[PDB]
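S.K.: In case you want the letters, here they are:
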Amino acid sequence: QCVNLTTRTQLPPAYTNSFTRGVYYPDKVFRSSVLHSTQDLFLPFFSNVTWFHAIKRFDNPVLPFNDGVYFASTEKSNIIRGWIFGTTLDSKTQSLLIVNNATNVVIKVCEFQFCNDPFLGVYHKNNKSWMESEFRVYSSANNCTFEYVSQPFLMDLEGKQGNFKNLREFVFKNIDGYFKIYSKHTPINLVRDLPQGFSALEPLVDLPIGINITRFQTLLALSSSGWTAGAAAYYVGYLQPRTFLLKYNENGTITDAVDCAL
Amino acid sequence: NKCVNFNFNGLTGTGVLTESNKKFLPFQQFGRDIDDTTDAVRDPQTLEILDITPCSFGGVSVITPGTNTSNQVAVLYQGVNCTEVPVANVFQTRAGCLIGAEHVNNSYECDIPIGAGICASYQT
Amino acid sequence: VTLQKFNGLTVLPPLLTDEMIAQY
Amino acid sequence: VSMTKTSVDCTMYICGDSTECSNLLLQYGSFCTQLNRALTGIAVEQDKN
Amino acid sequence: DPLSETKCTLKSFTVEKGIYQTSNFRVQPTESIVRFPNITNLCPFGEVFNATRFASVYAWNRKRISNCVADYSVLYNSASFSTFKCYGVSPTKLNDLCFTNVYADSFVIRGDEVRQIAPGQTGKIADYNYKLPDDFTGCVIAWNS
Ligand SMILES: *[C@@H]1O[C@H](CO)[C@@H](O[C@@H]2O[C@H](CO)[C@@H](O)[C@H](O)[C@H]2NC(C)=O)[C@H](O)[C@H]1NC(C)=O
Ligand SMILES: *[C@@H]1O[C@H](CO)[C@@H](O[C@@H]2O[C@H](CO)[C@@H](O)[C@H](O)[C@H]2NC(C)=O)[C@H](O)[C@H]1NC(C)=O
Ligand SMILES: *[C@@H]1O[C@H](CO)[C@@H](O[C@@H]2O[C@H](CO)[C@@H](O)[C@H](O)[C@H]2NC(C)=O)[C@H](O)[C@H]1NC(C)=O
Ligand SMILES: *[C@@H]1O[C@H](CO)[C@@H](O[C@@H]2O[C@H](CO)[C@@H](O)[C@H](O)[C@H]2NC(C)=O)[C@H](O)[C@H]1NC(C)=O
Ligand SMILES: *[C@@H]1O[C@H](CO)[C@@H](O)[C@H](O)[C@H]1NC(C)=O
Ligand SMILES: *[C@@H]1O[C@H](CO)[C@@H](O)[C@H](O)[C@H]1NC(C)=O
Numbered sequence: 001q002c003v004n005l006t007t008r009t010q011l012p013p014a015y016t017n018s019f020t021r022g023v024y025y026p027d028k029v030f031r032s033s034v035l036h037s038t039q040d041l042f043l044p045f046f047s048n049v050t051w052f053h054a055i056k057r058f059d060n061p062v063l064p065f066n067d068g069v070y071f072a073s074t075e076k077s078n079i080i081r082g083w084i085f086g087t088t089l090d091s092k093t094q095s096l097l098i099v100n101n102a103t104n105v106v107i108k109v110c111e112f113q114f115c116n117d118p119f120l121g122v123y124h125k126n127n128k129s130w131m132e133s134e135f136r137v138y139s140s141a142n143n144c145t146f147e148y149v150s151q152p153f154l155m156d157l158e159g160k161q162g163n164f165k166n167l168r169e170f171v172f173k174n175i176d177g178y179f180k181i182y183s184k185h186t187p188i189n190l191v192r193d194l195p196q197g198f199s200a201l202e203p204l205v206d207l208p209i210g211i212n213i214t215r216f217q218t219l220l221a222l223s224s225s226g227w228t229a230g231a232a233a234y235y236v237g238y239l240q241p242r243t244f245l246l247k248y249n250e251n252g253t254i255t256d257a258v259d260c261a262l
Numbered sequence: 001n002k003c004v005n006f007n008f009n010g011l012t013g014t015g016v017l018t019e020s021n022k023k024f025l026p027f028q029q030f031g032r033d034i035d036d037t038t039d040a041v042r043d044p045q046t047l048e049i050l051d052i053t054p055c056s057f058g059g060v061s062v063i064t065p066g067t068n069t070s071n072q073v074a075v076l077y078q079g080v081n082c083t084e085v086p087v088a089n090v091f092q093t094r095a096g097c098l099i100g101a102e103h104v105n106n107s108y109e110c111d112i113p114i115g116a117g118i119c120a121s122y123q124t
Numbered sequence: 001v002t003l004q005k006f007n008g009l010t011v012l013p014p015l016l017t018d019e020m021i022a023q024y
Numbered sequence: 001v002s003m004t005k006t007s008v009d010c011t012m013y014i015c016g017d018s019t020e021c022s023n024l025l026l027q028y029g030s031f032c033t034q035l036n037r038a039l040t041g042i043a044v045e046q047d048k049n
Numbered sequence: 001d002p003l004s005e006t007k008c009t010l011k012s013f014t015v016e017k018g019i020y021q022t023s024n025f026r027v028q029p030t031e032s033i034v035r036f037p038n039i040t041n042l043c044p045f046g047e048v049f050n051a052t053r054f055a056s057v058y059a060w061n062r063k064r065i066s067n068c069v070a071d072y073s074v075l076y077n078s079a080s081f082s083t084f085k086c087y088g089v090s091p092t093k094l095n096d097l098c099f100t101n102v103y104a105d106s107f108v109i110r111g112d113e114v115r116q117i118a119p120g121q122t123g124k125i126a127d128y129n130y131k132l133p134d135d136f137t138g139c140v141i142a143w144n145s
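These protein sequences, in sequence, are chains A, B, C, D and E.
According to our numbering, the first sequence is numbered sequentially starting from 1.
According to our numbering, the second sequence is numbered sequentially starting from 1.
According to our numbering, the third sequence is numbered sequentially starting from 1.
According to our numbering, the fourth sequence is numbered sequentially starting from 1.
According to our numbering, the fifth sequence is numbered sequentially starting from 1.
Quick caveat, the hints were computed from the structure, so don't treat them as lab data.
Do not take every clue at face value.
If you only want the chain E side, here are some residues facing chain B, beta carbon under 8 Å, derived [claimed, not checked]:
(1) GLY18
(2) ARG26
(3) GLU31
(4) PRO37
(5) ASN38
With a Cα cut of at most 25 Å, we get these calculated DMTMM-like pairs of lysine to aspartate or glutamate [unchecked claim]:
(6) E:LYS11 with D:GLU45
(7) D:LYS5 with B:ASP111
(8) A:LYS160 with A:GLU134
(9) D:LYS48 with C:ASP18
The C-beta atom is built at its ideal place from N, Cα and C for all residues, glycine as well.
Could you put together the complete structure from these sequences and hints?
M.R.: Shown next as structure tokens:
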């Protein structure tokens, strides 16, 4: 169940600056009201960062993953709904699915035959409703290794109006085989750029997945072609190995940081 | 509140473990100071912080009037508190614990130095 | 002026306390 | 007028709690007691000052 | 005693008047404590065995075990099973060891043919429908049913 929904305007690969976002707790270690340093992979400060949109437009190329990644999105309507990660991305090896369908956050690791460009289909009809409808991800998944479901919920898929009100920031690393996701969730009211200020991503999830990851793509919510998108920007930047000096406060939050080559 | 060796989650150490007023965030497990030395750990079953202090040690010094005066001596255990010394006329000082000398209210000059304003002397 | 460890180190007290240096 | 008196259990700094370090470090000789003489020296020097 | 200790330490039967540094005191680590997180998620051997019905040996099962604790406290501890045997890890060690990758191999057979399973063996089960490799290191369990 995959189709090539090519009804979209073509736009150039836009850029913006990334001031000091993309710091995170590097080890599971407590430290307080101290300045402490590591040489580790981080998002470089003040660096040109890559930018994407759903709008008419739906911007989602299969992008390289190399040494780790920073992903962030300024959102309304909960339209950004996960990622797809992996080295082949067509069953010739394993690859990784991380998704948020309306009931669960779900992670799966299989020899997946993905679509040419996967997505999640939803009802949008003027009899005002917003339920799931089509799950265009992969056809086949024979050799599987890691499988999960988060404790069951419901989440709004609703087409809610306005400028971007949710920011969710993520960073991704594969070390020795153990894959790590660190992330932050924060309120915003911003029209078209990443927020000036500071944040330090909490470690959400860590998994002995063992796969290689070499290319990512994001997973979004959506008569086959020719359909309505919600409006949302998302951003991507590579981690680079660089020395940071970090300040911990009394609560042990990374409260500010400096990059030793800025 | 005992000197124990420990392993927590593979992190191996030694000291006196005790209840902590500190608060780690939900994802930190071990504390490290400026020195990069492991001062606290979250217990992996009660999920509460232990502060940890490397268990009682120090120099010993022997206080001595000279052999040609006497065969009598006193022992200062340095930084070690008097509650922890008997494993090796007791007086507790900001230098640690001294054993084998009478504490006396008479402030003489310093016949043998001990520290923190304390000296010892041999007499009638 | 702004200011017993795992690593064999200790700090010894001075023979004169800050009270005794106040007296002198 | 003085600096902080410091002292080191040289065996504890070098590799205390381990017996094979007691067996090996004995091969080196007085290279602990020389330090204990040098530092107990500095410490009596501060109360002289 | 401290007088004979200082006499010895100073290389001198006359210890002259003074105070002298000796024999560093250190209270010993009086015991070793070990603390690990609760072994809460037991691997589901009660689904592997305690399940209603197994399948036949030419259709030998491969139920996945991963991301759980390999706790044999109601397994190698028990008398109820006729045969328990291992082939390169000692049977005491199955609570000590970590695996990378684990799968159940479930079926039913004739009681004589229990002897056909062992890596390096013959008999019709050990040829027409089952075999184990020369570098296998796991364990076999079988019982009168
Ligand atoms: C979200 O995706 C998951 C994964 O496919 C769906 O969970 C499966 O749903 C079926 C039907 O309830 C169950 O038989 C499977 O056992 C479920 N998977 C697991 C691992 O338990 C879930 O139903 C999807 N949500 C929606 C709204 O479609
Ligand atoms: C993944 O699934 C495929 C699908 O069968 C397996 O591929 C077979 O592998 C064997 C051994 O290399 C070959 O003899 C077959 O010709 C293959 N057939 C097919 C259709 O792939 C593969 O073994 C599986 N991999 C794992 C690790 O389980
Ligand atoms: C460390 O975190 C705590 C909790 O967020 C902060 O303490 C709170 O401060 C407000 C304002 O004075 C009080 O109303 C709360 O009752 C406090 N809560 C607690 C648990 O103490 C504290 O401000 C943070 N540290 C810094 C440097 O801001
Ligand atoms: C490991 O198990 C113990 C008990 O089996 C759990 O301790 C309980 O925690 C709750 C909530 O704090 C208390 O109400 C109980 O009194 C505790 N049990 C006992 C026997 O006192 C502990 O939380 C478990 N650890 C984890 C990580 O789940
Ligand atoms: C040292 O020993 C001898 C014999 O006990 C004694 O005659 C001499 O006076 C002693 N010296 C001092 C300073 O007490
Ligand atoms: C020494 O004086 C203190 C009060 O400064 C008193 O506590 C103590 O009992 C006195 N000791 C003797 C032996 O008189």
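S.K.: Could you run down the list of hints and mark each one as holding or not?
M.R.: Hints versus structure:
no.: 1; hint: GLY18; result: holds (6 Å)
no.: 2; hint: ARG26; result: holds (4 Å)
no.: 3; hint: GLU31; result: holds (5 Å)
no.: 4; hint: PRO37; result: holds (4 Å)
no.: 5; hint: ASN38; result: holds (6 Å)
no.: 6; hint: E:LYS11 with D:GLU45; result: holds (24 Å)
no.: 7; hint: D:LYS5 with B:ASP111; result: holds (21 Å)
no.: 8; hint: A:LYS160 with A:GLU134; result: holds (20 Å)
no.: 9; hint: D:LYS48 with C:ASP18; result: holds (16 Å)
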